[PDB]
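Before any questions on how it binds or moves, here is one chain, the form solved without this ligand, in structure tokens.
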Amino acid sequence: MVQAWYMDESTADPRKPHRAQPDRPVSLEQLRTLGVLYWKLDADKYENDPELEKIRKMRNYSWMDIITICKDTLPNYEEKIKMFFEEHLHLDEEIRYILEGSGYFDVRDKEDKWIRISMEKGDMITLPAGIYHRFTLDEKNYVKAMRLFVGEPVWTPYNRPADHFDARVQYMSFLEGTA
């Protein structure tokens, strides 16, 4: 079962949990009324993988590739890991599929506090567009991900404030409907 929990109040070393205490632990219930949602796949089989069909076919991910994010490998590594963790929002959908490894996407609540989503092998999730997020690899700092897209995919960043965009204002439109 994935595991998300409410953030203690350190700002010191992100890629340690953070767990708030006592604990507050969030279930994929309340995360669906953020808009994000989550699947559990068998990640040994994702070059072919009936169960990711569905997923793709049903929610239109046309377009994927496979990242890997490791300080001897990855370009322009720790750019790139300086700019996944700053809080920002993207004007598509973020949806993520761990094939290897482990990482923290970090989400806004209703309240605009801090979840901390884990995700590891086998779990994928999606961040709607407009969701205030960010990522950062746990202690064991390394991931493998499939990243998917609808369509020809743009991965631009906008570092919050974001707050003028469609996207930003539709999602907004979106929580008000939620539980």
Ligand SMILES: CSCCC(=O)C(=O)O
Given for the second form:
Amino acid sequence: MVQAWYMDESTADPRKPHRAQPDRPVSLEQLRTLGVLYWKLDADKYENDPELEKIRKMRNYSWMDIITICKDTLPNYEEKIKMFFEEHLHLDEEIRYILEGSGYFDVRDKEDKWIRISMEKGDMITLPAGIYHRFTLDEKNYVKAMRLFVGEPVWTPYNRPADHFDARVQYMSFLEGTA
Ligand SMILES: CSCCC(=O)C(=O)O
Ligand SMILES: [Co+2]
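Could the form solved in complex with this ligand be shown next, to go alongside the form solved without this ligand?
Once more the chain from above appears, this time first in line as the rest of the complex follows.
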């Protein structure tokens, strides 16, 4: 199953796992209290998968494309991966389905402590509008992912602090309502 954990107190080498000691694993159930949802799919079938279609229709993920984060092939690579990793939020869901490779999504918990979520081939995640998060490659330095969106996408990150947005206010209101 999908692995998530609280992080250690080192700020060095962000692509390493940074597991807290002793281990403090985080379950899919705890992630749901943060509004973070997850599905496991057969990523070999991504071009034609009834199971992905079910999720997309349920959630109205009407838009998708594919992105490959590779030191060589990605245009403006160095600036892009810097922007992914700055703590930020969006006014829309961030939905990513890992087709190849791997990476980490870090998200803030209810006490603003970092949880690291390890995403691998087959893993699909949605980070709710308003959640503070960031993304980094892991030490394998490669990921290929499907991006999905509810309608035509707007990718704009708002780097923390971004507390004034309605999407953030509504998300805080959502957090009051979960366990
Ligand atoms: C695994 S997708 C690459 C990261 C990304 O697209 C983002 O942080 O917005
Ligand atoms: Co983001």
